[PDB]
Amino acid sequence: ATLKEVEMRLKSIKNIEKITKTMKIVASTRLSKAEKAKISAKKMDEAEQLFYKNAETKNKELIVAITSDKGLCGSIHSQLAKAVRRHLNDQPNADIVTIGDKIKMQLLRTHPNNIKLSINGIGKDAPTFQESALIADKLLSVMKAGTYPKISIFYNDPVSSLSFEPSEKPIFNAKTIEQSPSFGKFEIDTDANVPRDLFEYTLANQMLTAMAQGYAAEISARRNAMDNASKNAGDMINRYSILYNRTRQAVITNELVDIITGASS
Amino acid sequence: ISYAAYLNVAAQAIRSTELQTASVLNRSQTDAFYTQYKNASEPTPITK
Amino acid sequence: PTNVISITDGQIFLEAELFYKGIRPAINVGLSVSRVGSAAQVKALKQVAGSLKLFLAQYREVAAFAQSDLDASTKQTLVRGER
Amino acid sequence: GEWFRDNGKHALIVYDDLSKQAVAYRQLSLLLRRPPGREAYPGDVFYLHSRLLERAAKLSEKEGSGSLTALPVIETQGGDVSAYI
Amino acid sequence: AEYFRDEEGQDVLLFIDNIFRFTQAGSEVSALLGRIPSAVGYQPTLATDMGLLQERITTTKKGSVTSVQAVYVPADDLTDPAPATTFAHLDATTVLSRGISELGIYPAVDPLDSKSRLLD
Numbered sequence: 034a035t036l037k038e039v040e041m042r043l044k045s046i047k048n049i050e051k052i053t054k055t056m057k058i059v060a061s062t063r064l065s066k067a068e069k070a071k072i073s074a075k076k077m078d079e080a081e082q083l084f085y086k087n088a089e090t091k092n104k105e106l107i108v109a110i111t112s113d114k115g116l117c118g119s120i121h122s123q124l125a126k127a128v129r130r131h132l133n134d135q136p137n138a139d140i141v142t143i144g145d146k147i148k149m150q151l152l153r154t155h156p157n158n159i160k161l162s163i164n165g166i167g168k169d170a171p172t173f174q175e176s177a178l179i180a181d182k183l184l185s186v187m188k189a190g191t192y193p194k195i196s197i198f199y200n201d202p203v204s205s206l207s208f209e210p211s212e213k214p215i216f217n218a219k220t221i222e223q224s225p226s227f228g229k230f231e232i233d234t235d236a237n238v239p240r241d242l243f244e245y246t247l248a249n250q251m252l253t254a255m256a257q258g259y260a261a262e263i264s265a266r267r268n269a270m271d272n273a274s275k276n277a278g279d280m281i282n283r284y285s286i287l288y289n290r291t292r293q294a295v296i297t298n299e300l301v302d303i304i305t306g307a308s309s
Numbered sequence: 009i010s011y012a013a014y015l016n017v018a019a020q021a022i023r024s028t029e030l031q032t033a034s035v036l037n038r039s040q041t042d043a044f045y046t047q048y049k050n054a055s056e057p058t059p060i061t062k
Numbered sequence: 376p377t378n379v380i381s382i383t384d385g386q387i388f389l390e391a392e393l394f395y396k397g398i399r400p401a402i403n404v405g406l407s408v409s410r411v412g413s414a415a416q417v418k419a420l421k422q423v424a425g426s427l428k429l430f431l432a433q434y435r436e437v438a439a440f441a442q445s446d447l448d449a450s451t452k453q454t455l456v457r458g459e460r
Numbered sequence: 291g292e293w294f295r296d297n298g299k300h301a302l303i304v305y306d307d308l309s310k311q312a313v314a315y316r317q318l319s320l321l322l323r324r325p326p327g328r329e330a331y332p333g334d335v336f337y338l339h340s341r342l343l344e345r346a347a348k349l350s351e352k353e354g355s356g357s358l359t360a361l362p363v364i365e366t367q368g369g370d371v372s373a374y375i
Numbered sequence: 273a274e275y276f277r278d279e280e281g282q283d284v285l286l287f288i289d290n291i292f293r294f295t296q297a298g299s300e301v302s303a304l305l306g307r308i309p310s311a312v313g314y315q316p317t318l319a320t321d322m323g324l325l326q327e328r329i330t331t332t333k334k335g336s337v338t339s340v341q342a343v344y345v346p347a348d349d350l351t352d353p354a355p356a357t358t359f360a361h362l363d364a365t366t367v368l369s370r371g372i373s374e375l376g377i378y379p380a381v382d383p384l385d386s387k388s389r390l391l392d
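Chains as they are written, first to last, in UniProt numbering: chain A, 34 to 92, 104 to 309; chain B, 9 to 24, 28 to 50, 54 to 62; chain C, 376 to 442, 445 to 460; chain D, 291 to 375; chain E, 273 to 392.
Please keep in mind that the hints were generated in silico from the structure rather than gathered at the bench.
Among the clues, some could well be false.
[Claimed, not checked] Using 16 Å as the maximum straight-line C-alpha spacing, the simulated EDC-like pairs for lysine to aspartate or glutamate come out as follows:
hint : chain 1 : residue 1 : chain 2 : residue 2
1    : A       : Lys-126   : C       : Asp-446
2    : A       : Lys-76    : A       : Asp-201
3    : A       : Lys-114   : B       : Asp-42
4    : D       : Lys-310   : E       : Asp-321
5    : B       : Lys-49    : A       : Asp-139
6    : E       : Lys-334   : E       : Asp-283
7    : A       : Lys-160   : B       : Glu-56
8    : A       : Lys-168   : B       : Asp-42
9    : A       : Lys-57    : A       : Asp-271
10   : C       : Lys-428   : E       : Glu-374
11   : C       : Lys-428   : C       : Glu-459
12   : A       : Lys-182   : B       : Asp-42
13   : A       : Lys-37    : D       : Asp-370
[Claimed, not checked] Counterexamples of contact, computed for chain D against chain A with all Cβ distances above 10 Å:
hint : residue
14   : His-300
15   : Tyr-305
16   : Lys-310
17   : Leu-321
18   : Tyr-337
19   : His-339
20   : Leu-342
21   : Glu-351
22   : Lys-352
23   : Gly-356
24   : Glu-365
25   : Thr-366
Where is the CB? At the ideal position from N, CA and C, for every residue including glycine.
With the hints as constraints, model all of the structure from the sequences given.
As structure tokens, then:
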């Protein structure tokens with residue numbers, strides 16, 4: 034009727050609220066572990082960066109990007125897609141390697157020449173060295189990473205506890221390491237190819253950090269998003285509650301009139 | 009075998028003694044599929 | 376309510392949400408119309424008040440979708458609207 | 291329609307809208323002052339629609355295989371599939 | 273209108289605003305007249321009465337009269353039997369809805385609830 038169709042729809046809205054509540058709590062739980070990982074990762078990164086800074090290493105072109113497989117984690121997926129698009133204008137010929145289904149789908153739409161290597165299955169777990177290493181190893185073999193005159197990784201830096209801003213950084217090429225402004229009394233090995241080895245080592249060490257920063261931003265976004273969902277759902281509960289209440293009153297009155305009409309005759 | 013792959017195998021070996032926590036074991040587990048693409055076209059996805 | 380609305384010339388709807396949230400008089404400007412002309416209010420208060428009804432139904436629009446990425450155009454309007 | 295049916299010439303009758311018959315019967319009944327039924331429609335409104343609709347049916351080969359086919363075309367009252375008519 | 277349409281034989285126009293008021297007015301007199309009212313309280317002569325008027329307004333072979341009739345939907349529920357019975361007799365309708373009015377678009381014509389035989 035009005036009453037039953039209203040009533041079932043309100044029940045649906047209620048169930049939606051319950052799910053959005055549940056997810057929001059679970060997301061918070063997941064987030065605490067995520068943050069813990071990211072802290073450790075970031076600490077490690079600073080040590081590697083210490084060399085690059087002090088060395089003042091100063092760098104087609106590769107673009108690498110990070111998002112999870114998982115969707116509905118707010119606008120992480122599409123803000124990063126937008127910043128990939130921005131730097132895809134800049135260099136038309138760059139080969140984009142997409143680590144994550146979500147960035148794969150969005151990027152594939154904007155230019156379908158980009159995708160050369162892509163991953164799938166990374167997003168559902170915390171960053172782990174094992175993952176980074178394997179991706180790195182494949183990055184060298186499959187894409188022949190050393191060829192590019194620029195490597196750049198794009199990720200979502202989890203800027204503040206309620207924000208994420210898409211960010212990029214350049215992984216220095218092996219050529220870059222060689223010719224580095226201060227490659228002063230850095231190095232002593234002329235035998236071991238410290239540039240060609242350090243390149244490989246920082247390919248992964250940098251990538252792991254990027255993945256870690258990303259994972260934290262992703263889970264943080266999902267928490268934020270599911271929180272806003274709960275609020276939006278609440279508003280819908282209240283609005284349909286008023287509709288329900290009115291509809292209920294109306295049915296009682298309308299039915300009552302029919303009985304009256306009969307008695308009156 | 010990349011430099012970081014070289015280190016990777018060594019790390020995997022190091023998680024072998029048996030007194031080690033679950034999180035260590037979890038860090039050795041992985042699950043991924045490198046899906047190659049070209050042009054559009056997609057050469058088949060295969061586990062790392 | 377509707378039967379009365381139909382008879383009267385214009386409505387000056389007051390909104391519970393605004394009333395509660397400390398705007399007194401709580402004159403919602405979304406649902407207040409005056410079907411009776413703007414040749415009601417004196418010319419001074421027509422000139423100065425020019426387009427302010429429109430502007431505050433632009434503040435209404437701006438803050439409707441404010442709850445994503447606010448550009449300076451929206452922000453300027455929002456700042457004006459809020460004041 | 292029955293002239294077709296009896297004669298053994300297959301035919302089809304569209305009764306559009308059957309809903310307007312119900313409105314019509316409502317007026318008729320209610321100013322005869324027969325007791326008003328549920329939702330004000332006549333008390334034997336079901337009987338009105340039933341007697342009309344049941345008069346189209348495929349006949350046997352005994353009776354020359356006639357067949358009036360019927361299509362009532364009821365208007366929904368705005369979505370309510372549980373309204374009396 | 274008929275005098276112009278028929279006898280004077282020129283194209284006419286007719287505006288009736290608000291022809292719900294015709295329906296409504298009948299419902300007011302109805303109770304007093306002595307007829308047990310039909311559902312939602314409207315006159316039990318609702319269908320015929322709407323009919324007699326709204327079929328007098330028609331483009332005869334004598335002349336063509338484009339007519340525009342405005343229906344005040346009571347309570348704003350179009351499913352109510354009195355606005356509902358109006359819908360049948362109109363060649364084009366452009367239902368204007370309170371929701372679209374709230375969104376600010378004036379004219380407030382609902383864009384998904386208009387139809388005309390000419391739309392074809």
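Going down the list of hints, with the structure as the test:
Our distance criterion of 16 Å between C-alpha atoms is met by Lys-126 (chain A) and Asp-446 (chain C), whose separation comes to about 13 Å. For the hint linking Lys-76 (chain A) to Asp-201 (chain A), the alpha-carbon distance of about 15 Å falls within 16 Å, and the restraint holds. For the hint linking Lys-114 (chain A) to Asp-42 (chain B), the alpha-carbon distance of about 15 Å falls within 16 Å, and the restraint holds. Straight-line distance between C-alpha atoms of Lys-310 (chain D) and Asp-321 (chain E) comes to about 14 Å, which keeps the hinted pair within the 16 Å bound.
A C-alpha spacing of about 10 Å is found between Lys-49 (chain B) and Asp-139 (chain A), which places the hinted pair at or below 16 Å, so the restraint holds. Straight-line distance between C-alpha atoms of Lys-334 (chain E) and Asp-283 (chain E) comes to about 9 Å, which keeps the hinted pair within the 16 Å bound. For the suggested pair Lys-160 (chain A) and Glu-56 (chain B), the alpha carbons sit about 9 Å apart, so the restraint of at most 16 Å is met. With a C-alpha separation of about 9 Å, the suggested pairing of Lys-168 (chain A) with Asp-42 (chain B) holds against the 16 Å cut-off.
Annotation: proposed proximity of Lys-57 (chain A) to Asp-271 (chain A) holds, straight-line Cα distance about 6 Å (limit 16 Å). Taking the CA atoms of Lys-428 (chain C) and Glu-374 (chain E), the gap is near 15 Å; set against the 16 Å cutoff, the hint holds. Annotation: proposed proximity of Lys-428 (chain C) to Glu-459 (chain C) holds, straight-line Cα distance about 14 Å (limit 16 Å). Our distance criterion of 16 Å between C-alpha atoms is met by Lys-182 (chain A) and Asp-42 (chain B), whose separation comes to about 14 Å.
Pair hint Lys-37 (chain A) plus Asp-370 (chain D) holds up; C-alpha atoms about 10 Å apart against a cutoff of 16 Å. Here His-300 (chain D) stays apart from chain A, with its beta-carbon at least about 40 Å from theirs, past the 10 Å limit. For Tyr-305 (chain D), the non-interface assignment is confirmed: its Cβ lies about 26 Å from the closest Cβ of chain A, beyond the 10 Å cut-off. Distance check on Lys-310 (chain D): its Cβ is at least 21 Å (rounded) from any Cβ of chain A, clearing the 10 Å threshold; non-interface status holds.
Here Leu-321 (chain D) stays apart from chain A, with its beta-carbon at least about 12 Å from theirs, past the 10 Å limit. Every CB of chain A is more than 10 Å from the CB of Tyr-337 (chain D) (nearest about 18 Å), matching its label as outside the interface. No Cβ of chain A approaches the Cβ of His-339 (chain D) within 10 Å, the least distance being about 20 Å, so the stated non-interface status holds. Taking the minimum C-beta to C-beta distance to chain A, about 25 Å, the non-interface status of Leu-342 (chain D) holds against the 10 Å cut.
For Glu-351 (chain D), the condition that its CB be more than 10 Å from all CB atoms of chain A holds, with the nearest at approximately 46 Å. Non-interface call for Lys-352 (chain D) relative to chain A: holds, since the shortest CB-CB distance, roughly 46 Å, exceeds 10 Å. Annotated as non-interface, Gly-356 (chain D) keeps its C-beta farther than 10 Å from every C-beta of chain A; the closest such distance is 41 Å. Against chain A, the non-interface label of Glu-365 (chain D) holds: every CB pair exceeds 10 Å, the least being about 17 Å.
Its beta-carbon lying about 13 Å from the closest one in chain A, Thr-366 (chain D) satisfies the requirement of being farther than 10 Å from that chain.
Of the hints listed earlier, there is not a single one the structure fails to meet.
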